[PDB]
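Work out the full structure, taking the sequences as your base and the hints as a guide.
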Amino acid sequence: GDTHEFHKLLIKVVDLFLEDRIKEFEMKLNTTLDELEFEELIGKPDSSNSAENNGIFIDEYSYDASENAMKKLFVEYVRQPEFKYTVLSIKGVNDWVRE
Amino acid sequence: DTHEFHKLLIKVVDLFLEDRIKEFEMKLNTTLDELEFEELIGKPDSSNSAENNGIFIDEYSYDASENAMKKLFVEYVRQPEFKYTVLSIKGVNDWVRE
Ligand SMILES: [Ca+2]
Ligand SMILES: [Ca+2]
Ligand SMILES: [Ca+2]
Ligand SMILES: [Ca+2]
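One line per chain: the protein sequences are A and B, in this order.
Taken in order, the first sequence gives residues 1 to 99; the numbers are from the numbering used here.
Taken in order, the second sequence gives residues 1 to 98; the numbers are from the numbering used here.
Keep in mind the hints are simulated off the structure, nothing from the lab.
Every residue, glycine too, gets a C-beta built ideally from N, C-alpha and C.
Misleading hints may appear alongside valid ones.
[As the list claims (entries may be wrong)] Covered by chain A, per the in silico footprint, the following chain B stretches (three or more residues, Cβ under 8 Å):
# : stretch
1 : 9-18
2 : 25-32
[Said to hold, decoys possible] Under 7 Å between C-beta atoms, here's a sample of chain B residues computed to sit facing chain A:
# : residue
3 : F5
4 : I21
5 : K22
Okay, structure coming up:
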């Protein structure tokens, strides 16, 4: 029932998704991450796009997975004061891409 | 590893039933043993099971209130030795009234 353990699990979900143990996923959520946790969640993407709509950001992070395979992570969030991020959704998608 | 991975899937369902994860889906290809599959689903108030072309979808209901419930869908292929290849897990919120 712990919030830290909860954020650690979310980070692990993303890790497992990038490993392709979780092939694809989506989760609806309402939890507030410290910058350190948010950075841990997203890692080092090869590409990113960030779009703001009505006070909410949806970022799309792309990770080169394998030769034609790409992993894409969408994180929907609200930016809070003291550099906190209220995450509302996370979605992981596979895509075939030209090498 | 795989035992740790299966422990996480079980905990994802747990967090979903607690409503920390409001709703979710995961696409998967992993084989749970009988004990893991039992622990994953926990203690539903009712269950439904359907089969189409050798693929099973079980639907589990967990009552929250008079009107609200959590539903878990698990799609899987039964394997020898009481093992189950899970292909997707989906947690949704449902209500009695429109
Ligand atoms: Ca990571
Ligand atoms: Ca190729
Ligand atoms: Ca190229
Ligand atoms: Ca309605």
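How does the coverage statement for the stretch 9-18 of chain B fare against chain A, requiring three or more residues with Cβ below 8 Å from a Cβ of that chain?
holds (count 4)
Chain A contact restraint for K22/B - C-beta distance below 7 Å:
holds, 4 Å
Against chain A, run the beta carbon of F5/B and see if the smallest gap drops under 7 Å.
holds, 6 Å
Counting residues of the stretch 25-32 of chain B with a beta carbon closer than 8 Å to any beta carbon of chain A, are there 3 or more?
Contact hint for the stretch 25-32 of chain B vs chain A: holds, 6 residues under 8 Å.
Mind checking the CB of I21/B against every CB in chain A and telling me if the closest is under 7 Å?
With Cβ-Cβ at 5 Å, under 7 Å, it holds.
Hint violations for this structure: none, all hints satisfied.
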